[PDB]
Amino acid sequence: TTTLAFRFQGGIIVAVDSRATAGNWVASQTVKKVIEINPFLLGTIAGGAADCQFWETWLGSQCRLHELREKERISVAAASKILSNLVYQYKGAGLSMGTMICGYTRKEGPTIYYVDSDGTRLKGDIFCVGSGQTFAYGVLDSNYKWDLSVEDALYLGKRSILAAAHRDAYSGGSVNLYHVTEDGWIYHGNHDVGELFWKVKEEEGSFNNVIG
Amino acid sequence: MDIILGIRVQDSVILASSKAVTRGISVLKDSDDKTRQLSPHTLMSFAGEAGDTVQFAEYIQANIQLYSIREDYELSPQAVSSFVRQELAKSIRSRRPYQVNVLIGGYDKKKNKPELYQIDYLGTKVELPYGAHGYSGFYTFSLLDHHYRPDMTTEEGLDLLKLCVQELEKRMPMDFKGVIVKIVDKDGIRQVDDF
Amino acid sequence: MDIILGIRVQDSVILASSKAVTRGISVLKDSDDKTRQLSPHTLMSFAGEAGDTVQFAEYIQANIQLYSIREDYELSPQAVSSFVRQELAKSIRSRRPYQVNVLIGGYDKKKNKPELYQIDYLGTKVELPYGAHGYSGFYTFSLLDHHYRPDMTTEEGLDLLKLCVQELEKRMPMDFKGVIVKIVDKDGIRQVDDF
Amino acid sequence: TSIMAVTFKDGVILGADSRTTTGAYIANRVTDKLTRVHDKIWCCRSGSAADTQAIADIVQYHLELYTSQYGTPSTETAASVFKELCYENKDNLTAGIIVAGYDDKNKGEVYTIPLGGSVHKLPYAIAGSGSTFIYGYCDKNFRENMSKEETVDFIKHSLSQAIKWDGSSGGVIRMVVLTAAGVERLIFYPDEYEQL
Amino acid sequence: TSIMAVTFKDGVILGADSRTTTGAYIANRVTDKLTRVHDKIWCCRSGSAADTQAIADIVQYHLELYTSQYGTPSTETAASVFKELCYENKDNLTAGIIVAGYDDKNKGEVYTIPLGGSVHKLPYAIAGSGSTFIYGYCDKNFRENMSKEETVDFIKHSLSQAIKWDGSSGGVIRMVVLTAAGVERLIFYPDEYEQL
Amino acid sequence: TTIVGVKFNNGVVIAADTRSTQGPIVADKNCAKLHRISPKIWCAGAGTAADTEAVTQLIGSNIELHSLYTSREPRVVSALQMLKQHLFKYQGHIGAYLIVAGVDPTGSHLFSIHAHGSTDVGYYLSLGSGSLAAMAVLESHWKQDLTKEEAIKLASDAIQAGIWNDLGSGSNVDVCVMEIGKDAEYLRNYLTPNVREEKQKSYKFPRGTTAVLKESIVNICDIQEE
Amino acid sequence: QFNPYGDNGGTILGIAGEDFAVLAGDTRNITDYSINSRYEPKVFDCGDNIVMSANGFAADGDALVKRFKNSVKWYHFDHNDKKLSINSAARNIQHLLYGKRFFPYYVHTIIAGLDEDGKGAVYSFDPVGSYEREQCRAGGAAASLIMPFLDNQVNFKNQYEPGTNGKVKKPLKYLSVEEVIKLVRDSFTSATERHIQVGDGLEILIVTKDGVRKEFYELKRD
Amino acid sequence: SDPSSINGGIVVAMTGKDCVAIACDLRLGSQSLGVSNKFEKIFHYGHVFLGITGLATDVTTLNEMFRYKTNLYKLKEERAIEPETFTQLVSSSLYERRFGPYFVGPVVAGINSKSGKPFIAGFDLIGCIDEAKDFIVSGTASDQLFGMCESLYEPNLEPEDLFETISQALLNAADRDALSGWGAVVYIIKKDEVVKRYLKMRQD
Amino acid sequence: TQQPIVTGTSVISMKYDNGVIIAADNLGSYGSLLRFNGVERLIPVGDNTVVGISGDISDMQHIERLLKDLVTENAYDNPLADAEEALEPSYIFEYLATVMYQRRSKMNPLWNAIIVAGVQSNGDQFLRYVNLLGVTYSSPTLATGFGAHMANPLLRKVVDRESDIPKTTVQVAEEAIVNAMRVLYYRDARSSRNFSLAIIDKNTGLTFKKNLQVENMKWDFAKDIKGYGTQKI
Ligand SMILES: *[B]([O])([O])[C]([C][C]([C])[C])[N]C(=O)[C]([C]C1=[C][C]=[C][C]=[C]1)[N]C(=O)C1=[C]N=[C][C]=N1
Ligand SMILES: *[B]([O])([O])[C]([C][C]([C])[C])[N]C(=O)[C]([C]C1=[C][C]=[C][C]=[C]1)[N]C(=O)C1=[C]N=[C][C]=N1
Ligand SMILES: *[B]([O])([O])[C]([C][C]([C])[C])[N]C(=O)[C]([C]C1=[C][C]=[C][C]=[C]1)[N]C(=O)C1=[C]N=[C][C]=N1
Ligand SMILES: *[B]([O])([O])[C]([C][C]([C])[C])[N]C(=O)[C]([C]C1=[C][C]=[C][C]=[C]1)[N]C(=O)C1=[C]N=[C][C]=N1
Ligand SMILES: [Cl-]
Ligand SMILES: [Cl-]
Ligand SMILES: [Mg+2]
Ligand SMILES: [Mg+2]
Ligand SMILES: [Mg+2]
Ligand SMILES: [Mg+2]
Ligand SMILES: [Mg+2]
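Protein chains in written order, with PDB author numbering: chain K, 1 to 212; chain X, 1 to 195; chain J, 1 to 195; chain N, 1 to 196; chain b, 1 to 196; chain V, 1 to 226; chain L, 1 to 222; chain W, 1 to 204; chain M, 1 to 233.
Mixed in with the good hints there might be a few duds.
In the SDA-like style, the derived pairs of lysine to any residue whose C-alpha atoms are separated by at most 20 Å in a straight line are [as the list claims (entries may be wrong)]:
no., chain 1, residue 1, chain 2, residue 2
1, V, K143, M, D224
2, K, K158, K, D192
3, K, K32, L, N155
No wet-lab data here; the hints were simulated from the structure.
Only chain K is shown next, with the shape it has when bound in the complex:
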């Protein structure tokens, strides 16, 4: 798994891979690793598939109950802390989860919280999570600026997942892109790595190691 999210001028970019494995066996190439919590909240998922799906789907129910009770959308901080407090109750039981809770509010602005099944909860500008996180960090850190266009930021996120999809054996399949703004998240398509790799190689002039 490789998932990333970073804050920038035009809000937040979220990018994830699509692969699921059981040992060396490739179980799925079409996994949805971004969960649409509401029109303004996104959750990435890494680690145990069931743990992540169940509890982030559950998180959406808790966030919906909040805005029914409080007549106001839940903050990214509060949404992330509901999940982190939940997994903390289960600490030691063997849950396996690594997530970014990404969203935008008026009071907070664009916010990213990393939440993890050990109980860790961290606010930050850039995060990469999963088995291929180090590969994503390499591309992301060397090319990141606050002043990036929506178009350039989206490509950087896409390219960082591609890098990890290539090198990490347990990452791959396809790239799902999201862009979170003042007016909510925007989906930017499924990008198959089998076609994206050759496209990027030719146009960018990268991956000169590989033959094509």
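Add chains X, J, N, b, V, L, W and M with the ligands to chain K, keeping to what the hints say.
Chains X, J, N, b, V, L, W and M with the ligands alone, transformed into the frame defined by chain K:
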């Protein structure tokens, strides 16, 4: 030891190796050179278990230097790398194997080409445009996949290497106290004293 | 987390805590504040197992803030430290203990004295002129044994603290990405933004 | 431990050695392994001394309370109470018990209850570490409807051999006779049974 | 496995069941555990089939070479060669062997060699997993200087009981008679010995 | 694996299934488990495939040299002795479980061998994971004074019981008949009761379906003249 | 020590058509190297035009199916005989599975049917409740043998159009019910050849707007 | 830990009408880390082709060993070794390391120069010969390859048709294995010409 | 979690044209010791069902009491207890299967393998298996323990599939069962010669046969077997 990197450009091979030596909770030294000159146009960097690394490197060095005197001739990097691989492949089924990973950077004077070989302690040899051992590759291969172009100059290679070291210094937990960089080309081996 | 230091001088208590957060082979963050304000004149830094540290610190914070509202009065650092110790002493014989070590730096407005308390996860409390948790003390206590004087100023305390951090940055293997320094005195709590 | 119970014409006879061991040390050489849960319902105990005592004490309590309400219990009923304790607490118990009793209606009966907690009604039963060495002898020499004197000799000869070969068995041979006549205790010393 | 050797007036008789087991599966129901190391020196085998075969084959080789140089070996000598192999390789062997032979000078002799590799000269011997169940029976029923017919009945009755109680023992009862007259093989089938 | 051996009037027959397995996967569907030690001494092997092959070849080789040395046709007891002593020395680590059979100047013989080096004699024997299914058939249908035709039938039926009921055994039935005063006849695939049915569809692709990057001729020939 | 889990083998296969769906599974049931039954039904009609199979440990498999059938029954009682849609069934099954997160049902579950637009639907589950809608999925012992074949022959993976040489992919034309059944039969015949726990018989359940139909085919019994 | 799945990789071989085909992926990794995408696993000694999966150091070592032995064979015999004979040499060589084996899954492929008969064979790590008529599979995606071959394969395929079948068998099997892929090579072998084709596949 | 102490070995069974046959030996083993020689392991329930049990005997006796109690409970407030609302084999099996799976789910299993044989109200044959894990399956032939490995192969030669059931008579079916019991006595080291057999026919009802023995055994060939290879005498 920790981090060793290698990159083969147009007309040279550049090896970068960390300076830190850590035993337990203390950094005993911050200026350690994790490499040995096997021949005038062949350099080997190394990392692995304490003691084994130097013992192996010097043993290889002695054998290549012996060959050079006997034949009055320098072995090709390919020939040296094959010799090194066989020693490690022999070692892995010994009573106590050499726990050493190496990079061999050399300039072939016959073919006028730089060559980089990555060999692990099992005796797994691969020729590469860029290579790394340990946790280093987990950060650096993605950068090199993006930026590396084969027709690069030595100066462009050093800039690309700086970008790798900066990423390692940002994201790796261990303080490896910077790197010693060495260039291998047609004129021989030299050390970049400022990095 | 890794390194947390504390030093009590003439008229204040200075706490220094590392900024790094490392999960596995990656440094996820380099600006993490490992402390919580329990009351206007009492600060607690913390280090231990992931999740437990923050959960415990915030739980303590909530309890002290509750006391402050109920009585319209600030507890003494000694009183807060005893409360914290009991929670950890209770915790160590639980199903799943809090795996957290803390330093409590406070200024007693009644006695007009700074106070530093070191408490480990077992509930082991000690009042000290200077303290540390984890591997930090193995380097810093020898320096502090030499230089510390009980009548030091706050500026002298910060210089002595810089000398501790420099030694840690030289000899410790892990890159802890510097420290956030906070001062606790009669006027309250403030952060030294440049260190 | 070598224990056995044998039915015969006039009723039933229980038999046992008297050795209790902690490893190779004989903690008690004159132990009484034949114990009373009711007037004419007794049991032979093997395995853990603590477990079998605790069980026997509980059974005696149950049968005493049974008697106060419903009159004298059958031997089958006594065996059932033993079973219930041994079966339901099989994970925590090490008890090999032989239950033997005399009714006027049913006459002499013998029930054996091994480690598992199963119940087996038999003409005669053998149990304990020393019983292994006399399966051959007992099978060849047992007859139904024996006399009192014949049954005493059968038990005496059997346990004598079990004692001879088993280190965990020894001491005196205790016996308890259950008939319409009443309850008789018999004892046989080493000098008597070793020369057989 | 149930094996035994019994000395009597005219010589010695070896006896054995015919069961070989891999756990609870009977790999061979007609096994021959009575094996020849010399004309009138035989052995009963128990434990590992491989180990006891390898041992017996080596002993037969040693006694064949002994005979070529020094003439017919004694039963004691055969037992000593068995012992040497079992004792010196005790860590790697699982072999319980009974050695039995007939000289004209020494007549019938029986030596038993348990796991340790010790040697014990006895009037009769029993061994194997099934022997445990007939210690009582054999001790009570054995006499010295029995006749051939009495000794055959003693072994037949003994192994019959051992087979009855031991799961690892079964099949046919093989016997080998060693006297001055020569070597006689006897066999007894389930229908014969089960009804005893 | 199901292997059997059956004695009859004027000789002995052995048989085997043809399935090899690595875990739950079938490695070979038509495996050859009947090995020739000498012209008229054959043995069926179960357990580790490389071991049964290797141990048979080695003893077969030494049996051949022994036959030439002594100017005599080899005996089954010689193969038996050489096999058991070899296997015993390796303490069961050589995973070969063998049914050894043959005819020689002494007569017809049938033995089994286990990996630890123990041997057994019998008129009918079976080894392998399907030996219980095979032995059930043998114990039900075997009798003394079997003819050649009856023994082949009984042996193949015993293998079939293994093929159908044991998941470790399958595919075909191999047989070898060794009769006294005759050449041994090796019947490879004596029965074939597991032919795969016709597939519903042909998966022949249109030419050019696969994407190619480079092409090149490979030089397999030697260095050329002129 | 007592081991509460076992492996009953078998293999299952779901394929989604344009206006239909199939769920196939072999009828063999095993433990270790023995056959328990040559015909033990594994794919079940659960009502509301939904078919289900829970392959792996049969005791857990039967328990789960039994509990889901129960869930369908109570869904009718509690919600005025409303039809349980395939997506709703899938979510319900996730909660049944995750309910035993710390003592899991040791099964790979697949359900098939039609979505609310009438199109063919297949959903796949892991033991602890993670699920995903798919056009194609094989599950169980021989899943590793069958899935690659389905990637190739159902989704036309690694296939391109002649003449263009790797430039133009093969178009994703839909498959008829007759075409799908051919791929199912060949999948199981191939799996039977190379997997010892697969064989005896093949039972296919086909789901359409008209209802649930069954088809049975013989497989090799060795 | 498990030597046979540290580096990863696969090899497959098939027979056709008067031809054979052998193919392999190009990946070499250290568990999750992909290291090289040029690590070929198919070698040849004269007209006999050998594919080797498993531990990479042993793949290299055995290639060097069989090059060594086939060269000495050729000097003494004054002719190239044939596939049937080479198969025996591989088996012998592997079994001599019975209790300290090379962690490999070799595959032999070639056409007998005298008879013209197509030949393929597979081995386990200690030397057992699997001489199949149809196809041989080896490596970390052997299960996947078995499934593909058993369904896609038909006998007597022409060289250019056989290429499509073996290529699709390899590619789709590799795509369901995490430790296989990163490129692929296919050898089409006829009695007196051999074509080598690199396949375009997904690079993840 | 426990370990089985006193144990019963194989239970074997098969369907025939008008009903089902089931059999099991009368032994209660204590490890390698053949301790108890008079144990009945076939337990009838009514006049239409027989439950055959292998494994732990103490647990068998518990199950025996549960079934005895089931008959009592079914009779309560039930005028049709001996007619339309009598206990069916399918009812008895499902109850046991529920208990077995519940007990394994509490990590405290009944250490048994059970075969419920009987005939339903409509004359249909019932034969189904359940064990300590709660695993269930049905087949024309069913067997537990060693029976699975040795009996099934023999019984499957008579009834290989469903269509062979109407072609199989009670005489042929009983003959196959009795033969299978002999084979088990040859080859199972924890079996006995004495056994019980039960037939449940839709016409002639429940026939329970006690004190049967394995007969017509082949042992004569043993006399010719000498040594383990080279030995002649
Ligand atoms: B990713 O690699 O973390 C990925 C994300 C998940 C949401 C699909 N996880 C998996 O693929 C895991 C295995 C794993 C690999 C590497 C690190 C951690 C975990 N697989 C599963 O959770 C899974 C679930 N069902 C079937 C197969 N695999
Ligand atoms: B007998 O040996 O089984 C005997 C019967 C007991 C009721 C008096 N049991 C013991 O002696 C046991 C140990 C034991 C030995 C052999 C088999 C089983 C158990 N001894 C004790 O329980 C004991 C010993 N020392 C002090 C207290 N209890
Ligand atoms: B007997 O049970 O001791 C018997 C004697 C042997 C010489 C024929 N031994 C065996 O049956 C042994 C196992 C064993 C059982 C009981 C006690 C000690 C040992 N069996 C084997 O050696 C054996 C079994 N199957 C194949 C090969 N060898
Ligand atoms: B049979 O199942 O005993 C069979 C007989 C063999 C001699 C042809 N054995 C095998 O098929 C063995 C099973 C086995 C698996 C693992 C370890 C030991 C034995 N198979 C192999 O030896 C085997 C497996 N894969 C490739 C080649 N050979
Ligand atoms: Cl007592
Ligand atoms: Cl033997
Ligand atoms: Mg919460
Ligand atoms: Mg302390
Ligand atoms: Mg005594
Ligand atoms: Mg089969
Ligand atoms: Mg990848």
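Going down the list of hints, with the structure as the test:
1. With a C-alpha separation of about 14 Å, the suggested pair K143(V) and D224(M) falls inside the 20 Å cut-off, and the hint holds.
2. A hinted pair counts as satisfied when its Cα atoms are at most 20 Å apart, and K158(K) with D192(K) qualifies at roughly 11 Å.
3. Using a Cα cut-off of 20 Å, the hinted pair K32(K) and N155(L) holds, with the two alpha carbons roughly 19 Å apart.
The structure meets every hint from the earlier list without exception.
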